[PDB]
Amino acid sequence: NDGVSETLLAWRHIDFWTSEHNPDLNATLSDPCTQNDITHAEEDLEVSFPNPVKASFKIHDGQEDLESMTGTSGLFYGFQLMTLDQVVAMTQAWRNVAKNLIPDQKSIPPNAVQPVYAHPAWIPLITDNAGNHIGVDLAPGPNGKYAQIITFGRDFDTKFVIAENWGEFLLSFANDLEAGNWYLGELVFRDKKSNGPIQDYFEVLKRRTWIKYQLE
Amino acid sequence: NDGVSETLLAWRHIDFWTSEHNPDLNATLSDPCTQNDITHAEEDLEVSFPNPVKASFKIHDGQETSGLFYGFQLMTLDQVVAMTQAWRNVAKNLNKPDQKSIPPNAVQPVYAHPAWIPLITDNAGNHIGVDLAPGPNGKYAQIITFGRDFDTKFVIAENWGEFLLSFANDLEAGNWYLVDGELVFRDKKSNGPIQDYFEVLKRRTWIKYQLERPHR
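Quick mapping for you: the protein sequence lines, in order, are chains A and B. Numbered per the authors' numbering, the first sequence spans residues 84 to 184, 217 to 299, 311 to 342. Numbered per the authors' numbering, the second sequence spans residues 84 to 147, 155 to 186, 218 to 300, 310 to 346.
Isolated chain A (complex conformation):
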């Protein structure tokens, strides 16, 4: 019960959705990582990927738009799914930061995520290419869960748990797409049923995390 099912189901919906509504974006989804790619990454980082994360990699090794010039277009409402290469390189980058070590580091829910700027076991899987990430937390706080999905990086003094595992994360993104929570071209988020304004996907995830903690 790791979220492997959810990862596979999610990718089926996202593969279909992009092909129907945004072929240019579909085309950026890379071919599978092989087991060797993954094993080499696990040996470099001395880390064991959670099963739903490996499952996701064996469907797409991130996103890539070589012939573009305007920048790669992020799948998650502008934020880019990182290649395994980028994952390895960025994790190492963050480890350096962690060795080298302003404001108060906090967590929502409280005590779910370590109250620190950088941790070696925070594996970035998505980037805004501006220092911020979604990824997987392999060293939770005392009221967190192993391999929970968190926001972290340069503008996340407060870290948010946005999903129990990578599978649930992928699935909730796919549900946003199927509900029509988007506009376009480049993909952005809007709440369709409320006729809401365009919103940054991080702000959406943060509001949802805050709501869900409060009533629970």
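A hint or two may mislead.
[What the hints assert, rightly or not] Quick list of in silico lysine-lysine cross-link-like pairs, DSSO-like style, CA-CA up to 30 Å:
hint	chain 1	residue 1	chain 2	residue 2
1	A	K319	A	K137
2	B	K137	A	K137
3	A	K141	B	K260
4	B	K260	A	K182
5	A	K338	B	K182
6	B	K186	A	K260
7	A	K260	B	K137
8	A	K260	B	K141
9	A	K182	B	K332
10	A	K332	B	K182
11	B	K137	A	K332
12	B	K318	A	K260
13	B	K186	A	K221
14	B	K182	A	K221
15	B	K137	A	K221
16	A	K221	B	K141
17	B	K338	B	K260
18	B	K260	A	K260
19	A	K182	B	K221
20	A	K338	B	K338
21	A	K137	B	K260
22	A	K260	B	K182
23	A	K182	B	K338
Calculated directly from the structure, the hints in this document are not laboratory data.
Position chain B against the provided structure of chain A, taking the given hints into account.
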């Protein structure tokens, strides 16, 4: 490089030492765990034991007890499972005195964490154990002190193997007194008095942190 060698060598020294100098103590060292036992414990706790810890358990499933580690008892697998569950409930009660770490940021600054697996007890609420959720300047499966009188937590070894070996070296160095008797620690070379082994471990951690400080 996990510390398995060290745990096997350590148990050889401790098995032979107790049979020579305290047979009553030797007699308390239980038979090996079986792999199923460990597998069931892992399933119960949803945790993967480090290799040197599993190796230790496949030599002695704890103690039947006057405590092996200068009065502190090696826990049976069942005691490990039950005590981890106990600390886990405490951690749930606390999501409804300043916690610190030496070295700083090596151990999460909290009273209780689900991923702190106790392996030794003073039978008074304190433990040595393995930390499967280190702070940012900690190491996975580092060995820590924690418990009711450990507002400050100490990293006392890199892995369970190195911990067992440093205990075996204390024995071989003659750093012991018997009060048949009960085993307590004294520094032989200094002709010092009897000391609580935890005060010794803490002191050693503090010394080693200070001497390594200069290097960057």
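**Prompt:** Of the hints given before, which are not true for this structure?
**Reply:** As far as the earlier hints go, 1, 11, 12, 15, 16 and 20 are violated by this structure, in ascending order.
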